[PDB]
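Student: Chain by chain, the residues:
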Amino acid sequence: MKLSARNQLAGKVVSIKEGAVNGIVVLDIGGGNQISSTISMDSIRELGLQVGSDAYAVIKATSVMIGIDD
Amino acid sequence: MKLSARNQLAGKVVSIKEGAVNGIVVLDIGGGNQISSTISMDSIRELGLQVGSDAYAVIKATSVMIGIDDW
Amino acid sequence: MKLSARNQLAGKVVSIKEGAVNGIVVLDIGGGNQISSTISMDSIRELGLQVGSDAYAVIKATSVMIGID
Amino acid sequence: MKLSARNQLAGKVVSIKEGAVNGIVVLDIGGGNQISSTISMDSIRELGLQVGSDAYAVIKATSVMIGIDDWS
Amino acid sequence: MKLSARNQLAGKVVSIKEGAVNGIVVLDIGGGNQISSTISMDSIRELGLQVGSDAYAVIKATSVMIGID
Amino acid sequence: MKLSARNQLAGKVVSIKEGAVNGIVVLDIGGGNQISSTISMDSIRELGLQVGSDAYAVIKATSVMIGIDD
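Protein chains in written order, with the deposited numbering: chain C, 1 to 70; chain D, 1 to 71; chain B, 1 to 69; chain A, 1 to 72; chain E, 1 to 69; chain F, 1 to 70.
Mixed in with the good hints, there may be bad ones.
[Stated by the list, open to error] Okay, derived cross-link-like pairs now, DMTMM-like style, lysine to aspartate or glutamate, Cα gap no bigger than 25 Å in a straight line:
(1) D:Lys12 <-> C:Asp69
(2) E:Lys17 <-> E:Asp28
(3) D:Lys17 <-> D:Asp69
(4) D:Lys2 <-> D:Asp54
(5) F:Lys2 <-> D:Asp69
(6) D:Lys2 <-> F:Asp42
(7) A:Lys2 <-> B:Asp28
(8) D:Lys2 <-> F:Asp70
(9) B:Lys2 <-> D:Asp70
(10) B:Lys12 <-> E:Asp42
(11) B:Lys2 <-> C:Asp69
(12) A:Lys2 <-> A:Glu46
(13) C:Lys12 <-> D:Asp70
(14) A:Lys17 <-> B:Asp69
(15) B:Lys17 <-> E:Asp42
(16) E:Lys17 <-> E:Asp69
(17) A:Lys2 <-> E:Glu46
(18) E:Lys17 <-> F:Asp70
(19) D:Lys2 <-> F:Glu46
(20) B:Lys2 <-> A:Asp70
(21) B:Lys17 <-> B:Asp54
(22) B:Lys2 <-> C:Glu18
(23) E:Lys12 <-> F:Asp70
(24) C:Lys17 <-> D:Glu46
(25) F:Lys2 <-> E:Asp28
Please keep in mind that the hints were generated in silico from the structure rather than gathered at the bench.
Here chain C stands alone, though its shape is the one from the complex:
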């Protein structure tokens, strides 16, 4: 599928923290940036995610806030 989400950032899985219904996936997207994703354990298994998997952090633009230094 091709998605409307304005943010689709390629990266490598560096860690997966497993929970009961959700887990947290951390993706190294390069340049010293990492993105954490809280998704269903079901999806983590269905996408075959492991440490080292190539993947994408997918973020709808309406979910992104802008911050600045004080």
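Start from chain C and add chains D, B, A, E and F according to the hints.
Tutor: Using the frame of chain C, we list chains D, B, A, E and F on its own:
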């Protein structure tokens, strides 16, 4: 001032497209990646955002999905 | 791409409301159900969406609430 | 309450996966479609949800993305 | 309808900014707090919102972040 | 940091429900109103949140729906 959001990615504003009540801010976060943010025009004005401003893309972890090529 | 979003519902575009930076796409997903999506105009253009296009409504499970009567 | 969310899809609960603080409710909304909802266990209990319960999948329009096929 | 959303805060509409497909509604929920909501123009009209309307700010718990000084 | 999120409501933590990867923090914002927040356990630990802590409920405007009596 300090936020629970797991994702707070520093970058520079490269573009601002103004809309009626919302605008879209694009941030260069380095490593060849850009992030687009759809936020209120009032916030764009209140934060003083301009092309070239230093800022952060702030994303709650529950807002991030994972995709794969799945070839 | 294959996506983690639990909800990926096939449908046909029945209307597109064009706005300034966002638009609203309505999808007929069958069963008498329609889904409205508020997305960027840029994405509406890049995906080539028109009335009659085949598409999918994609929703992360953490975005779905449950209501009852 | 009457809610602004553009998407309020009636369906029947087909499964509930209970966890420690959250659960996943799956709704059959007809037409061969199901919707999964990740919500708090407290909300699942307070709403009295059971398999077979009549309910609604409620989705704000700004939460919905559009996808197309890879060859499109 | 009764909703799973953990946050349902009563208030009065103090401002409405109209846009193309969305508008922003400001609700004074008492105690000096106001909540701003960006929703479709269609919903603003369908709910009959005006300055002075009684309404509720409805927020899913997974949408709320915590900040500290 | 200063954030674009239009909703930033001060309160005190009244309860924290712990899970494996997420927890639910309840904030008393006064006036008989409480706000529940489902966030990562890692964030709850990093922010030092306790029962009694002073904090803020932070909500993006696009995450807020409006309801009315019917």
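Student: Are the hints correct? Go through all of them and say.
Tutor: We went through each hint and held it up to the structure:
{"no.": "1", "hint": "D:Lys12 <-> C:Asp69", "in the structure": "12 Å, holds"}
{"no.": "2", "hint": "E:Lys17 <-> E:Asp28", "in the structure": "15 Å, holds"}
{"no.": "3", "hint": "D:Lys17 <-> D:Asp69", "in the structure": "31 Å, violated"}
{"no.": "4", "hint": "D:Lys2 <-> D:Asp54", "in the structure": "17 Å, holds"}
{"no.": "5", "hint": "F:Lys2 <-> D:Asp69", "in the structure": "36 Å, violated"}
{"no.": "6", "hint": "D:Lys2 <-> F:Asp42", "in the structure": "14 Å, holds"}
{"no.": "7", "hint": "A:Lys2 <-> B:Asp28", "in the structure": "23 Å, holds"}
{"no.": "8", "hint": "D:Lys2 <-> F:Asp70", "in the structure": "39 Å, violated"}
{"no.": "9", "hint": "B:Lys2 <-> D:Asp70", "in the structure": "6 Å, holds"}
{"no.": "10", "hint": "B:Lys12 <-> E:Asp42", "in the structure": "21 Å, holds"}
{"no.": "11", "hint": "B:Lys2 <-> C:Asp69", "in the structure": "36 Å, violated"}
{"no.": "12", "hint": "A:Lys2 <-> A:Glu46", "in the structure": "19 Å, holds"}
{"no.": "13", "hint": "C:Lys12 <-> D:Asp70", "in the structure": "14 Å, holds"}
{"no.": "14", "hint": "A:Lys17 <-> B:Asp69", "in the structure": "22 Å, holds"}
{"no.": "15", "hint": "B:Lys17 <-> E:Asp42", "in the structure": "11 Å, holds"}
{"no.": "16", "hint": "E:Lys17 <-> E:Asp69", "in the structure": "31 Å, violated"}
{"no.": "17", "hint": "A:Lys2 <-> E:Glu46", "in the structure": "10 Å, holds"}
{"no.": "18", "hint": "E:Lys17 <-> F:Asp70", "in the structure": "24 Å, holds"}
{"no.": "19", "hint": "D:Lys2 <-> F:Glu46", "in the structure": "10 Å, holds"}
{"no.": "20", "hint": "B:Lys2 <-> A:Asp70", "in the structure": "10 Å, holds"}
{"no.": "21", "hint": "B:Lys17 <-> B:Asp54", "in the structure": "17 Å, holds"}
{"no.": "22", "hint": "B:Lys2 <-> C:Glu18", "in the structure": "21 Å, holds"}
{"no.": "23", "hint": "E:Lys12 <-> F:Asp70", "in the structure": "16 Å, holds"}
{"no.": "24", "hint": "C:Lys17 <-> D:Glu46", "in the structure": "37 Å, violated"}
{"no.": "25", "hint": "F:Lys2 <-> E:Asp28", "in the structure": "22 Å, holds"}
Of the numbered hints stated above, those contradicted by the structure are hints 3, 5, 8, 11, 16 and 24, listed in ascending order.
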